[PDB]
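Number of protein chains: 2
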Amino acid sequence: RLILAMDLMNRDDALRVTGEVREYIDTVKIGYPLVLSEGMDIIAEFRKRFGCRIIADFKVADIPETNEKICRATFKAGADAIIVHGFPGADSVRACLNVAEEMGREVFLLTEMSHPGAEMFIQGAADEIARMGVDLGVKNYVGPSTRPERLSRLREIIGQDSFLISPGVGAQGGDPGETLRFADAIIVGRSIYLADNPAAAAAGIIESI
Amino acid sequence: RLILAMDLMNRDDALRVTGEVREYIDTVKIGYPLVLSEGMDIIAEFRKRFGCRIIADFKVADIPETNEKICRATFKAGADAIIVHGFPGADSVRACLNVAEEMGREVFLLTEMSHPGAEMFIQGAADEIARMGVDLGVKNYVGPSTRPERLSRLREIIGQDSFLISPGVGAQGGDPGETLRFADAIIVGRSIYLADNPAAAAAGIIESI
Ligand SMILES: O=c1ccn([C@@H]2O[C@H](COP(=O)(O)O)[C@@H](O)[C@H]2O)c(=O)[nH]1
Ligand SMILES: O=c1ccn([C@@H]2O[C@H](COP(=O)(O)O)[C@@H](O)[C@H]2O)c(=O)[nH]1
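Chains as they are written, first to last, in the UniProt record's numbering: chain A, 14 to 222; chain B, 14 to 222.
Everything labelled a hint here was simulated from the structure, so no lab data went into it.
Some clues are possibly wrong.
Note that identical chains are pooled: a pair holds if it fits in a single copy or bridges any two copies.
As the list claims (entries may be wrong) - Calculated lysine to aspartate or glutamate pairs in the DMTMM-like style (CA-CA distance at most 20 Å, straight line):
{"#": "1", "residue 1": "61", "residue 2": "25"}
{"#": "2", "residue 1": "61", "residue 2": "115"}
{"#": "3", "residue 1": "61", "residue 2": "197"}
{"#": "4", "residue 1": "89", "residue 2": "115"}
{"#": "5", "residue 1": "89", "residue 2": "114"}
{"#": "6", "residue 1": "89", "residue 2": "220"}
{"#": "7", "residue 1": "89", "residue 2": "75"}
{"#": "8", "residue 1": "61", "residue 2": "39"}
{"#": "9", "residue 1": "152", "residue 2": "141"}
{"#": "10", "residue 1": "61", "residue 2": "162"}
{"#": "11", "residue 1": "72", "residue 2": "51"}
{"#": "12", "residue 1": "82", "residue 2": "115"}
{"#": "13", "residue 1": "61", "residue 2": "174"}
{"#": "14", "residue 1": "152", "residue 2": "81"}
{"#": "15", "residue 1": "82", "residue 2": "114"}
{"#": "16", "residue 1": "152", "residue 2": "58"}
Let the sequences and hints guide you as you build the complete structure.
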């Protein structure tokens with residue numbers, strides 16, 4: 014129930030840490046910090062080398078037409094799933110869902126973010142964004158570890174069968190065990206990749222659940 | 014290093030056995046016996062339910078144009094890789110490789126088959142088919158467990174870095190350990206799915222390596 018947020022910028026460091034913690038994870042979340050530094054080919058390299066599923070955390074937040082282009086390039090690169098923002102509206106989410114269907118891949122809908130600023134505008138729209146996801150047939154969601162009461166509310170809207178992953182564990186203050194009361198899996202970045210011993214840090218997090 | 018050949022025709026039986034042996038495998042090979050009975054949607058169901066990579070063993074063996082169509086439908090259905098025959102020639106293999114590139118997926122090249130009849134025509138062309146794969150950039154191959162001397166020859170042609178999987182273990186007479194001297198992974202169907210205790214059969218095969 015642990016997903017590694019691999020946000021190191023250097024290919025060598027990213028490969029090192031991911032290989033060291035492979036036995037504790039089942040999925041690697043790759044985002045723009047690594048892709049904009051090393052290129053989209055890094056996705057296929059990771060999938061080949063480690064055999065883990067790859068979620069591209071691109072927080073797609075464009076108009077429908079451009080969203081389609083971004084999702085197509087991401088799935089062509091080998092990503093198993095892509096994280097998309099729901100705040101830009103239903104048409105923008107639908108465009109992503111359409112490409113995922115054509116490619117046999119998945120879309121994860123980001124409904125409420127984990128950082129402090131998320132309270133300014135996203136939080137007030139989060140329940141509606143989640144309801145929109147349900148209405149559109151979304152089955153994978155992303156919610157905040159830093160606000161378990163909001164994670165519980167999100168779980169209430171999407172149901173027990175939907176898959177919910179949650180970032181904000183560790184560095185941002187979120188707790189593994191409390192977060193897993195509501196989410197299916199936790200996303201952990203810095204607590205693992207900046208540790209003196211990433212494998213020990215990952216083992217420790219799992220042991221704490 | 015164990016791949017389950019799930020050739021049961023009934024969805025309920027297929028799900029039962031696959032779930033029972035999940036801890037012993039890392040990939041599920043799905044072919045026409047299950048797909049033509051339960052539909053292509055079974056691929057996405059398996060990927061979702063068990064989280065295993067899915068190799069579609071469709072032994073694609075058509076003209077280039079039709080090969081492209083078959084691969085596109087297979088990848089749209091969610092398969093991570095497709096097994097293609099090399100005997101129809103380079104243009105037919107290239108068509109599959111082109112679709113895999115557009116979709117961010119993989120092609121496995123079947124070079125020599127495991128059954129007795131494979132000696133009639135395929136065996137004599139197998140080294141050339143493997144060389145063709147190398148020339149086309151193929152990195153995933155399928156060779157026979159039933160003829161380890163041929164599996165060794167295939168490994169010699171494709172190199173140590175190419176990934177080689179091998180069917181014919183168990184029911185067809187192939188030995189797990191001997192096959193793994195040359196292949197990276199073994200494919201096992203009936204020895205596991207027809208066993209009174211599939212999980213015990215899988216554990217036994219792994220224990221025998
Ligand atoms: O609401 C969200 C959505 C995504 N992420 C992402 O999850 C990871 C969390 O990393 P860390 O704080 O564990 O280091 C980062 O890649 C970050 O972009 C969040 O932190 N919060
Ligand atoms: O040369 C080949 C290529 C593919 N397969 C496939 O691998 C599986 C082997 O099943 P079993 O003999 O372990 O039951 C079946 O799905 C079969 O179609 C072979 O057996 N031999």
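Hint check:
1. 61 / 25: within (15 Å within a copy, 31 Å between copies)
2. 61 / 115: between (23 Å within a copy, 17 Å between copies)
3. 61 / 197: Result: close only across copies, 14 Å inter versus 25 Å intra.
4. 89 / 115: Both, since 11 Å and 6 Å are each at most 20 Å.
5. 89 / 114: This pair counts as both: shortest intra-copy Cα distance 13 Å, inter-copy 7 Å.
6. 89 / 220: neither (37 Å within a copy, 39 Å between copies)
7. 89 / 75: Result: close within a single copy only, 19 Å intra versus 24 Å inter.
8. 61 / 39: Classified as both: same-chain Cα gap 14 Å, cross-chain 14 Å, threshold 20 Å.
9. 152 / 141: Within one copy, since 15 Å is at most 20 Å while 46 Å is not.
10. 61 / 162: This pair counts as neither: shortest intra-copy Cα distance 38 Å, inter-copy 28 Å.
11. 72 / 51: within (19 Å within a copy, 36 Å between copies)
12. 82 / 115: Answer is both; intra-copy 13 Å and inter-copy 13 Å each pass.
13. 61 / 174: Result: close only across copies, 12 Å inter versus 30 Å intra.
14. 152 / 81: Intra 19 Å, inter 30 Å, cutoff 20 Å: intra-copy only.
15. 82 / 114: This pair counts as both: shortest intra-copy Cα distance 14 Å, inter-copy 16 Å.
16. 152 / 58: Intra 27 Å, inter 13 Å, cutoff 20 Å: inter-copy only.
Checked against the numbered hints listed earlier, the structure breaks hints 6 and 10; every other hint is satisfied.
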